[PDB]
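J.: Model the full structure from these sequences, guided by the hints.
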Amino acid sequence: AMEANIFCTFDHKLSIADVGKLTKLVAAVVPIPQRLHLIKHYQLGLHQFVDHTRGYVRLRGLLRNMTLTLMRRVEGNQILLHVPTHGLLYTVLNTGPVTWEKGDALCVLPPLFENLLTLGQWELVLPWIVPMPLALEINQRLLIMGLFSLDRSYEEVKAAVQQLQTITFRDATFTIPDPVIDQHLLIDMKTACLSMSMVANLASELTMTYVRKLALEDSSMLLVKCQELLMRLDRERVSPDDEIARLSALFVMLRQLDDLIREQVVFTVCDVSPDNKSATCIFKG
Amino acid sequence: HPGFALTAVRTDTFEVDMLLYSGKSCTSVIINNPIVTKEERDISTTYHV
Amino acid sequence: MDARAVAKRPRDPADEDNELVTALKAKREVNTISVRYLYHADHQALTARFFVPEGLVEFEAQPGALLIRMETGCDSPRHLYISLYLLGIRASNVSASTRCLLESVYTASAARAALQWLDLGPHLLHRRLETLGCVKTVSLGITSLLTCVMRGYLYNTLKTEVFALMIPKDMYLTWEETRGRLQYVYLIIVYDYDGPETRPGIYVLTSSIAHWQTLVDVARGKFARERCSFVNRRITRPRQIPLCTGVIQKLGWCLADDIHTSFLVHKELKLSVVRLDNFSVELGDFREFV
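Protein chains in written order, with the entry's author numbering: chain Y, 3 to 115, 122 to 245, 259 to 306; chain I, 1029 to 1077; chain W, 1 to 290.
Hints are computed from structural coordinates only; laboratory data are not their basis. It cannot be assumed that every hint is accurate.
As the list claims (entries may be wrong) - With beta-carbon atoms standing in for the labels, derived distance ranges:
| # | chain 1 | residue 1 | chain 2 | residue 2 | range |
| --- | --- | --- | --- | --- | --- |
| 1 | W | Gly221 | Y | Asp159 | 40 to 48 Å |
| 2 | W | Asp258 | Y | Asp13 | 52 to 60 Å |
| 3 | W | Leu120 | Y | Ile189 | 34 to 42 Å |
Don't be surprised by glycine CBs; every beta carbon is placed ideally from N, CA and C.
T.: See below:
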């Protein structure tokens, strides 16, 4: 009995080498922008979202919107994609820089670096599948490298960034690309860093006034200690509409951080082989 | 010569062909029909007999 | 593509003959293997098998133990699969008599090495433990095999019997006078910031609350002293940045009338447990709260 697959077609004519190249990806994670039954090859993968002014932050935010599909079958004139359903078991290809092990929680990340298939001004750039701790570490590395981006005139800072840039995991080491290219930081990472710094700055000044009043009442005797800590950090160094404006700004900056602050788990692993290129996982939405 | 006279002991492994004798019907082996347990991975299924 | 085919009821997958039966019938061949009925074919439980040394399988030989994956600091045996019982030696909420009992049971190089690998690093427990499912099958050996359930009920090959989840009594939490019909099971690790070394508490909580914020509110009420310990350490001890007072992850659901008390016998030692009689496994990730 058949199953509910998606059909994809290529405008480009395919050689036998291209088709054979596709048949190797018969368990890959190919994301699609929208839940459609018949799509063209352009909508496969992240190549449609690439731009020369945006970076990892923008593509991570865009990946979170997409629908994740596993390639299922390859033939002449057709590619069949399966959209998986939560709680069912599926086979997925390891394509990231790291080895998986049983019990891992996998998440989808933009790629940071026979070959993969290009036809015209086209390329099949598949996302990275890594365990959740590695993704969290990578995201934090990228954010910190962004914050250091304005002190790059000194060698101490550059050594700090070179230490941030190399990461080690299960029997593998790789260097993530620096968010600073052509000596200047891209606008998406710039907005991420600026929002982080703004939420920090707004909290620093706003929180004391409220902590005093609410700590007077607080039966938890926790908010008194909170106010004591605020007094300590003070010691180390407004119109009502403007108070409303600053509170609104704090919360809008936090919403700006939301894409980076948390990432979803999409799989959990259970399979081991010399064939390690693949594993069986249950899907999570 | 130091003042002591050590004694060495080592183990060697030999590759051996063995023969076994057993009597007629010296043990009765009870069996049933081989059965199939299913364990479906996704890209392929494995059937355990 | 016609109305008769649309209105036609779907075939019953149990009335259809299998792939093996269809092939053998197609060539009219016969095999000594019996292929008319396939065991585990209609099991909706997702399962995996884990190989574990003999030293860790105490109290796990009976179906119903929760299996946790701990990462050692080293490279060769990168992970160990330990149960909630061995983890109870580390817990602070476990009474000293129960702790002595558990330490008397787990007296092998593997279990003591698990405990050492836990206490050796600087990370917290939860940044170091990944939760697998609950266990229901054991074949014994110097390298033992446990089948574990990732998402489903715990039952026999024929579902002729259905297993419960076993919680050591000192780790069991309940927070309402009367339970509602359906109640969700959580695993909570809460860190106490007393003096030189953070002391963890390990709890398993059954509550009808599914919404995250309500659960975290009642938890912040129940663990207010740990929150005060966290902030008081932050003020008294700068430059040693602590994260989380505790973590909650959801690992199942159960019915309120399927909670009963029981004991587990091993080496002629009785460990009293709280059992969830038709437990269903449904894992989330760790959520940290302050």
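J.: For this structure, which hints from the list above don't hold up?
T.: none
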